[PDB]
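One chain follows as structure tokens, the form deposited in one PDB entry.
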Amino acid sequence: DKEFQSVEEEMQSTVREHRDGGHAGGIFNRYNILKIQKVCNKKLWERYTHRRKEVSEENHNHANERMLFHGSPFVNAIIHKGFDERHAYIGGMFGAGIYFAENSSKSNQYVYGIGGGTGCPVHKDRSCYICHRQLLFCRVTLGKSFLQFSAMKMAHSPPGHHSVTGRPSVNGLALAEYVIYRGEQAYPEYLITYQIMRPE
């Protein structure tokens, strides 16, 4: 499957060297991709496309849809129930929203919790090369995205906007991040099962 090869390439090619020296997500340059599953949840897809059409109509017939990563210990609840802003990241740089990265390694830092939590459930290792990790590769409707550089605790998107784009800056973000404030503005399209690999 070329669809799956495209997802593996997005995963591999978006890895970056993290400022924390791998404290949160581990030390690696690449992954061992074990499985890529397409999520087909008709109810979630209908909620997503219904919202995507509304946002498109409010944004000059353009949804501004992107494929983005999301790492979380709650990936299995997300696949069944969808992203839920009632469980949004309050402590987040851009307030109470649902957060995504365009770099797979940034999302990998959240797979076991904030700052990688205590790592894998079995070895309590944030850099575990044994335990199988899971990330989501999502369809996200950004619509009219508010470009922001510094911390801005929002409860909802700014007036006239459908999302917030956190752009990198000198005394700010190392890498981009994308925030939606409505769970129906993202669809968890692919569930990726993988391992981070020990460097060569």
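Positions refer to the first chain, counted from 1. Definition used throughout: the rigid core is the maximal C-alpha set that superposes within 1.5 Å between two forms. Compared with the form deposited in another entry:
Large C-alpha shift between the two forms, rigid core held fixed: of 34, 67, 27, 174, this applies to 174 alone, with a displacement of 2 Å or more.
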The other form holds:
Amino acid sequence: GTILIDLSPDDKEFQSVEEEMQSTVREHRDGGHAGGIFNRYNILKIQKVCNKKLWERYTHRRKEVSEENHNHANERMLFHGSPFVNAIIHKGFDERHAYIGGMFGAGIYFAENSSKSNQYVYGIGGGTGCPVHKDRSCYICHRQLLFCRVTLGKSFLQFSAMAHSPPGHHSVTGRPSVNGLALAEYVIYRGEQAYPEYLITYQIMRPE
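Return the form deposited in another entry of this protein as a structure block, the form deposited in one PDB entry having already been given.
Since only the chain itself is given, any partners or molecules it might have are not part of what comes next.
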């Protein structure tokens, strides 16, 4: 049921998605080990992901959450990187897209920093890097990330350095407590609480 619509680089919507991608790059504490060394990306393509069933699944859950939280879905646009990106855009997020070993338990993880999600494009810890060159810092191979609509509802705040949400909550927020430059990361425990809105195809760029 999924259709991918190419956005033109001239479209304001392409431009605002690219800007969120580029402007949320940060340095990582692994010095690039997982995701590679780069300060910015070469954006190759941005596509809108269109699936009626998946959208209605999302909006249905969004209303349930909203009604449990004074009519406030607390909806964000967040990045997601995964070896399962192609399955996600066709079948939606589910229990198989969960990070079992994540620090906030077995859930589906999202980041404000695009560079954080980039660490997972090739698997946990960057796996063994790109399939062609086995390089976690490959500047040649095409990578994909999702920029997703995520319903957080009432989010449990964790101050830090599939399972269930904490009772009385719809998600968990991992607030950075050491690295002053890190943005928040978020976890949901229901696949229906995220919709993979944009598929972004890119390369990381070697710093000069």
